[PDB]
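Below sits a lone chain in structure tokens, taken as the form deposited in one PDB entry.
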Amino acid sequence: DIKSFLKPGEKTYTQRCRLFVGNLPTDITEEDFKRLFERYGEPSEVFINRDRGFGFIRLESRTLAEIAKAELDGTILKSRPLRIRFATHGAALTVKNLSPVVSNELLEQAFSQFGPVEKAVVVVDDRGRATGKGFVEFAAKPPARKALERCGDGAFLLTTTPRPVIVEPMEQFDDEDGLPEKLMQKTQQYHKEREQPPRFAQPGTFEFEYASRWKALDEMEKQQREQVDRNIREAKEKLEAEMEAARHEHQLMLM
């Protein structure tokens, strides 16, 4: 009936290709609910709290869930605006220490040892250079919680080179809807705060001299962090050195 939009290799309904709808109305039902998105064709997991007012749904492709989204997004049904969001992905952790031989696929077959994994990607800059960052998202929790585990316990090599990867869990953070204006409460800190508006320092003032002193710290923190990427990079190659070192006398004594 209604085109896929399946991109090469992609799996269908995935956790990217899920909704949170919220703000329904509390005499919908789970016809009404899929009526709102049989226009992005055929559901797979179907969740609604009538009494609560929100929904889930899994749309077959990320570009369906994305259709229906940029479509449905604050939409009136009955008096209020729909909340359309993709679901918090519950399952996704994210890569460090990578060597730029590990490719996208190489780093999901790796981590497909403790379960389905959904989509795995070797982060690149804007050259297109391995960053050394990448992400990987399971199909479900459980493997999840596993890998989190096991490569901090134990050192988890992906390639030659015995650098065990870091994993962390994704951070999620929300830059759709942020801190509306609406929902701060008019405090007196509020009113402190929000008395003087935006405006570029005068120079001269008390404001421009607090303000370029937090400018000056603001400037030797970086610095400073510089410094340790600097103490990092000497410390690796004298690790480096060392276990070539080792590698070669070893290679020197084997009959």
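Here the rigid core means the biggest group of C-alpha atoms that line up within 1.5 Å when the two forms are laid on top of each other. Numbering follows the first chain given and starts at 1. Compared with the form deposited in another entry:
- In a rigid-core overlay of the protein, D27 has its C-alpha displaced by at least 2 Å between the two forms.
- Relative to the superposed rigid core, the position of the CA of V124 differs between the two forms by less than 2 Å.
- Put the two forms on the same core and the Cα of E171 is off by less than 2 Å between the two forms.
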Second form
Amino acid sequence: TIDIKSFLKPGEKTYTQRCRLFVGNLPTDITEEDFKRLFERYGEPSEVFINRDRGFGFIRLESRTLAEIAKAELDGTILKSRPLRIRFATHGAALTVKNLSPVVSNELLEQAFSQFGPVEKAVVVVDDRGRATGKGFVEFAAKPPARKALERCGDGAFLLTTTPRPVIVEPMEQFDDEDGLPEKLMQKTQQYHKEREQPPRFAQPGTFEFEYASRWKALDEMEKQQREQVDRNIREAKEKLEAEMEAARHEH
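How about the form deposited in another entry, since we already have the form deposited in one PDB entry?
A single chain, with no partners or molecules, comes next.
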């Protein structure tokens, strides 16, 4: 048994879109007041929406952790004989930013993206040593500023620094690193059954499997070599352009 208050993370803004909890399998008689009542224990709600005919509703909570608690506690709970379906409503307004200068901080990224509309969170992604990857993410309070940000940065050249290095803005690709692929959600097809016939094993040298797997390892090596060759060519091209343009900087 334990008590806490304010499960907010340092630097986490309140009532973010990450705290948007979709609610499914609600009774048809559901009122907006009864819907709010269900989540009473998770503090003051926000962005309450209910589709009475469809039996689903959008709610939002103070922090990501309260939304995870509400989901953990309430998912499967029985309301008017039906088990509730509780999940998160996927961040439409999320963006992945690339081609960031190493001097761009979380603060500068937020400052820049705020030109498009209100920013919930902006993060410059760092590696294990704590050095900038050149990638970051920007989450807006609403979808119209994120679309504005996406469209304007795609057509025009958005610069964060003095050097005209344009920022690459793409929608954030949503991936689940928690639930993944459970056996219960996986269909037991005749292909599943044929592929799982042979257990996990090391391919034995000399065998047909080993020969095929050696060829696949060699193909993976060629892919790695070619991809590294592309990374190298991109660097040679950037070094030969910035050596021409800094000279051409004296044309007009």
